[PDB]
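Asks: Listed below are the residues making up each chain.
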Amino acid sequence: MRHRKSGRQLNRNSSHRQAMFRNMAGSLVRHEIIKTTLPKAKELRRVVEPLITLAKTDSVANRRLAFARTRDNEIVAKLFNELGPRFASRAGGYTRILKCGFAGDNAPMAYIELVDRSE
Amino acid sequence: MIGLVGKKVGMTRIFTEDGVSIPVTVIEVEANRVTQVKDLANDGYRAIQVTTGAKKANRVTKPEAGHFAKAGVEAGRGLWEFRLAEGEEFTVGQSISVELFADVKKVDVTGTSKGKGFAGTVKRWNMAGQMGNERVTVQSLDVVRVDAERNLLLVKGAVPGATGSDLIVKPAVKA
RNA sequence: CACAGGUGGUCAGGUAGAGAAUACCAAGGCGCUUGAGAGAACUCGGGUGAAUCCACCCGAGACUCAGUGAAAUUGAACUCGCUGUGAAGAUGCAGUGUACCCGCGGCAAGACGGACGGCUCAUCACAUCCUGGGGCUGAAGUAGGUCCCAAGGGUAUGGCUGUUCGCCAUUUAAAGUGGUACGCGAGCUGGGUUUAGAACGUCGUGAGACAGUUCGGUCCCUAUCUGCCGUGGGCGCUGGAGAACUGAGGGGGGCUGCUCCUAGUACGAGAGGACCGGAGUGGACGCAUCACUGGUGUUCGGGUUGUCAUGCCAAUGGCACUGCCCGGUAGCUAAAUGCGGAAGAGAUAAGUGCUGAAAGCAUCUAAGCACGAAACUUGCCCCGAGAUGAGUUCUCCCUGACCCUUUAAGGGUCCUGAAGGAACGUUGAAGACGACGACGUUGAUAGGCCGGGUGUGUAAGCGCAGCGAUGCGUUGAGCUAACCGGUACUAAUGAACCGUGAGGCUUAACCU
RNA sequence: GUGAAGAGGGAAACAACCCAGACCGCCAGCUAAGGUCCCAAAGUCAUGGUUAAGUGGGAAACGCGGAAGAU
RNA sequence: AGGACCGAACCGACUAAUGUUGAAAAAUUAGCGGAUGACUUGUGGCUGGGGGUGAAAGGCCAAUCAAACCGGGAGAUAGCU
RNA sequence: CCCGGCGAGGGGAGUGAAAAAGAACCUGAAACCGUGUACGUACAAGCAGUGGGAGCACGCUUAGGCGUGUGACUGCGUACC
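Note that the protein sequences, when read in sequence, are chains N and D.
Counted the way PDB author numbering counts, the first sequence spans residues 1 to 102, 104 to 120.
Counted the way PDB author numbering counts, the second sequence spans residues 1 to 126, 161 to 209.
The hints are simulated quantities; they were obtained by calculation from the structure and are not laboratory data.
Worth double-checking, as some hints may not be accurate.
Straight-line alpha carbon distances no greater than 25 Å define the calculated SDA-like cross-link-like pairs of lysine to any residue that follow [stated by the list, open to error]:
| # | chain 1 | residue 1 | chain 2 | residue 2 |
| --- | --- | --- | --- | --- |
| 1 | D | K123 | N | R2 |
| 2 | D | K116 | N | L10 |
| 3 | N | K5 | D | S113 |
| 4 | N | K5 | D | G198 |
| 5 | D | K123 | N | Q9 |
| 6 | D | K190 | D | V26 |
| 7 | N | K5 | D | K114 |
| 8 | D | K123 | N | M1 |
| 9 | N | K35 | N | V47 |
| 10 | D | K116 | N | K35 |
| 11 | N | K5 | D | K70 |
| 12 | D | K70 | D | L84 |
| 13 | N | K5 | D | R46 |
| 14 | D | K114 | N | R30 |
| 15 | D | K204 | D | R46 |
| 16 | N | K5 | D | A196 |
| 17 | N | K5 | D | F118 |
| 18 | D | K114 | N | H3 |
| 19 | N | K5 | D | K123 |
| 20 | D | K106 | D | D39 |
| 21 | D | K7 | N | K35 |
| 22 | N | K5 | D | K7 |
| 23 | N | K35 | N | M110 |
| 24 | D | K190 | D | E17 |
| 25 | N | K5 | D | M11 |
| 26 | D | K114 | N | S6 |
Please model the complete structure; the sequences and the hints are all you need to start from.
Replies: Laid out in structure tokens, this is it:
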């Protein structure tokens, strides 16, 4: 503990944290833009980027894994058809964080979106 | 006599011909070049300042850049001092290799303990206070192998601190 | 009090279920009154934009826990130690020493915090005891009494007496003796008294009390400063600033069993029997590490019972302690060890000594003049110039102008804004909060990706066999958070604030 | 006799020890106990003596010794 | 048929802890005990203060009992701060 | 009328003798909370006061040494019932 540790404390149940991560990842892949605190945005990016990278390759196993980790038929249907080819030539950095001004001393807020988000 | 400064990279085990496992620590010892010489007449005592590593010119402060340019040497990551044993005197810009420890077989290692949170009385003494960010000196350690071309030094047992820390190796005063 | 506490009857479904019990579901109700903010009027310095009328945001002063806000207490506090006196341990009396001002996290030498009694491992003496190790006592054994690093502050029966109790008897692992208000009645309790009800009667004008009666019974509060440890904001070391060290002072530990030969040598008639501490070998404790020897590792894989869902299977996700187990990445620990408590030196009590008397002897000393015990200090590991006596060394920068007065450690205005720091982001092996290391387009600081490593175990699909289960090649496959070397694919942009503009007075030495 | 019901000065401090009974004011001088190296105001004054142990600056009985005192 | 056994609701505070200006002027949590009997509960009524009640703790009688509240005796009281 | 949020609240103009009378409304001190004026305080030990005492800004005899606020230092100083 306190040495070479990844991930904030995030005091809460592990299952609740996983459900929250899945919900935020689904929201991001659906709307391609979210407003949330910097730690939450970073956690969402960390949890979603592996899914996007896996979705780059179209296969039955990849689709099944995405469905298992997302539990949304519509979301997986959207994936492997648009996001894949859109970011096929890009390795990493599929999401960007923009500072939307302010709390400053209570909790920061920022927008998390895709590299393009359109076109 | 004089000690060098190295960087910890890792620790592993070494097997001898007879088949004995001895813990060793990976320490990279860059050639320390003397930057300043302090004498009795001016500074009041005999000493030599040693610099190791390198830093980007952007982050190097102008006073430090001027001090390094005075000695005509590249700017390093820090400065260290060692007290001479009334022996031969070095000169500014004289690079020092790791050959000195190649014929001593006994060295002492000084490092910085890794930081840790507040510890209870039982944890510390078995008085509460700050743990880590403190000196750690280990003596009576014998160098296992010395590699001049690789600048790799091995010492029996472990050494203080974690990977990437800076340690100081000095001749074993005790004898 | 919209309280967390209490309120009588009826409606009583599905699955695994003997069960209205257990776990999830049908219809229905909820995600809880702390977890989380805008730009906060106004004021300053700025850059950006069509050339008066200005518009946008940053760096700041001005709110901050998105906050109302109570709590016993409080003569006034600028609330140090030791020694002596004192209606008796003096923060306040006399003498002496130390300490920069104001905060934060823990430990209480103790504040006589505040409103009799013993149950007390942390600093104390007797064997102290929230359950480590011991040494002695011609100890018959167990056991007492004597001693060490030490304070089980929850507990026997009893004489002197009042009971746990102040002296002690049997004590076992203690039933226990005071220091500190016997550390706390800011813990407990009465177990006898002045005090929960009886209770002989008392000293006692009376109050006040009877450590005297036989049984006794219900005892309150949310760290105020202070001492120690660590860590912060301001200021000063005299122009400012960044680094590296000397050093007045201060911090804690010097434990202990065996053997090899040295040497069965010396000494010693014989018996007897070392100095040798020359080298290795154990245990208690301290620093540090995870490659090795065990655990955790609710973030990783696999197996499995019930239940809901993905329209059904295969296969998955949610719940049943992480639903129950096999493990286990990095990290954190000990159940594992590299080292340590040196060697040596100074002065030492006792003791051992070169020449040597006073007082033709003697003698450790009178004259010249030397060692030495686990005692003391260096030597081993250190911090430390807030040491105001404010140190030493190296480096970087400012080389402007004008006006006025009460004409000097003077004041004011335009411009300049150096080195350095802070402001914000990535962040860490730094972290309660501060603070500290590295980077910010002149880049691997963080996220992801590439290939590898560890872990887990034969993922799904396909065709065959078994008319079920299930197996075969696909396949040492799939997945892998924290590990390794690169990748700018993404985030740290151009920037802006403080900080200056030649540095006071007197004197000695150099060309004027 | 003091305090009780009296200030002030000295004994380092102090209520009972010594001097001393304050009507008030004035930047004046002289005494008592106690001092005249400093702290702290006053002779480092003069003569005759004891003292080598800091006895002074804490001690009984007893043959200079007796003599061991409080973080 | 069990002052029978295990085990829900339910009942008792028997034990430990939570607090002693509390969430409550005696409550809460975790175990223990009964769980067809001397059981419990909804509602209505009676037993009244030198008295009632009391499977005898002199328990309880409106958060109080070795004799409760209200107005008068009483602006009471010997002694005392 | 303006700011403010199309509220509350505030600032102007007007009425009002007076708004130093605005519905919290005559006169308006203290304990307590903030800002400005001048001073002491970051090497300095105890009932925090009493005399001496250099300065810091201002008005005075327009210096000639006085007063409005402070004491770095120094002799003394164990609050009241």
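Asks: Now look at each hint and say whether the structure bears it out.
Replies: So, going through the hints one by one against the coordinates:
{"no.": "1", "hint": "D:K123 with N:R2", "verdict": "holds, 17 Å"}
{"no.": "2", "hint": "D:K116 with N:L10", "verdict": "holds, 21 Å"}
{"no.": "3", "hint": "N:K5 with D:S113", "verdict": "holds, 18 Å"}
{"no.": "4", "hint": "N:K5 with D:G198", "verdict": "holds, 17 Å"}
{"no.": "5", "hint": "D:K123 with N:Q9", "verdict": "holds, 24 Å"}
{"no.": "6", "hint": "D:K190 with D:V26", "verdict": "holds, 11 Å"}
{"no.": "7", "hint": "N:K5 with D:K114", "verdict": "holds, 14 Å"}
{"no.": "8", "hint": "D:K123 with N:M1", "verdict": "holds, 16 Å"}
{"no.": "9", "hint": "N:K35 with N:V47", "verdict": "holds, 16 Å"}
{"no.": "10", "hint": "D:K116 with N:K35", "verdict": "violated, 36 Å"}
{"no.": "11", "hint": "N:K5 with D:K70", "verdict": "violated, 43 Å"}
{"no.": "12", "hint": "D:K70 with D:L84", "verdict": "holds, 23 Å"}
{"no.": "13", "hint": "N:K5 with D:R46", "verdict": "violated, 45 Å"}
{"no.": "14", "hint": "D:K114 with N:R30", "verdict": "violated, 45 Å"}
{"no.": "15", "hint": "D:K204 with D:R46", "verdict": "holds, 17 Å"}
{"no.": "16", "hint": "N:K5 with D:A196", "verdict": "holds, 14 Å"}
{"no.": "17", "hint": "N:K5 with D:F118", "verdict": "holds, 18 Å"}
{"no.": "18", "hint": "D:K114 with N:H3", "verdict": "holds, 9 Å"}
{"no.": "19", "hint": "N:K5 with D:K123", "verdict": "holds, 22 Å"}
{"no.": "20", "hint": "D:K106 with D:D39", "verdict": "violated, 28 Å"}
{"no.": "21", "hint": "D:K7 with N:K35", "verdict": "violated, 44 Å"}
{"no.": "22", "hint": "N:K5 with D:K7", "verdict": "holds, 22 Å"}
{"no.": "23", "hint": "N:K35 with N:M110", "verdict": "holds, 7 Å"}
{"no.": "24", "hint": "D:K190 with D:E17", "verdict": "holds, 16 Å"}
{"no.": "25", "hint": "N:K5 with D:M11", "verdict": "holds, 20 Å"}
{"no.": "26", "hint": "D:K114 with N:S6", "verdict": "holds, 18 Å"}
Violation of the numbered hints given earlier is confined to hints 10, 11, 13, 14, 20, 21; the remaining hints are satisfied by the structure.
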